[PDB]
Amino acid sequence: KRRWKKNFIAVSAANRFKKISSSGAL
Amino acid sequence: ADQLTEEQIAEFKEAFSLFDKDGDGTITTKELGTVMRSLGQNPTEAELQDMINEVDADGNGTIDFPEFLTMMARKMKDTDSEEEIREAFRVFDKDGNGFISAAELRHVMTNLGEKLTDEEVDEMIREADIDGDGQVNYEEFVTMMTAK
Ligand SMILES: [Ca+2]
Ligand SMILES: [Ca+2]
Ligand SMILES: [Ca+2]
Ligand SMILES: [Ca+2]
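Protein sequences, first through last, are from chains B and A. Residue numbers 201 to 226, in the deposited numbering, belong to the letters of the first sequence in order. Residue numbers 1 to 148, in the deposited numbering, belong to the letters of the second sequence in order.
Hints listed in this document are in silico derivations from the structure and should not be mistaken for laboratory results. Just so you know, even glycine gets a beta-carbon here, dropped at the ideal spot from N, CA and C. Do not rely on the hints blindly, as some may be mistaken.
Claimed, not checked - Below, computed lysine-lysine pairings styled on DSBU-like, alpha-carbon distance capped at 30 angstroms:
1. A/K21 / B/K201
2. B/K205 / A/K30
3. B/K205 / A/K148
4. B/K219 / B/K205
5. B/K206 / A/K148
What the hints assert, rightly or not - Not the full set, but computed from the structure, chain B residues with beta-carbon under 10 angstroms of chain A:
6. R202
7. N207
8. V211
9. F217
10. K218
All chains should be modelled from the sequences, with the hints used to inform the complete structure.
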């Protein structure tokens, strides 16, 4: 219905794949 | 390790649906990029391909639901996620004041191509708004997504 979840979760998947990059400090 | 629960699979299926806008059962770089850009990021095509490659077990260039599930188990398994939800909150909270307003929510949804009706927006806010101030704070957002 008004679940910002599927919307949030979804972005959470991609957002997580962007942070998964364990700090490319080097 | 812990086996995924049916409640978690259902939640993740709903999350997958947000990425798989054409409902073809796969998430492409185009689809991932669309979501990332909608969250303020500016990935390059090379970055997007690398992101998919990491979770693409069968090397077909896209992510299917089974691959997505493996990825979510990893996210939950490693430490316990959390950054995912913080970055999502920041996408919605356009002015950065710590609260998602109905206007901000509607703006995000409209950008995502979901032209919500007035009644639909009100329902999303009312249901997330545990404290009754008419807006959604971080704890309320977490509770809404955290899910059981
Ligand atoms: Ca698709
Ligand atoms: Ca694949
Ligand atoms: Ca705000
Ligand atoms: Ca509130």
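Review point. Taking each numbered hint in turn, which are not upheld by the structure, reported in ascending numerical order?
Key: The structure conflicts with no hint, since it agrees with every one listed earlier.
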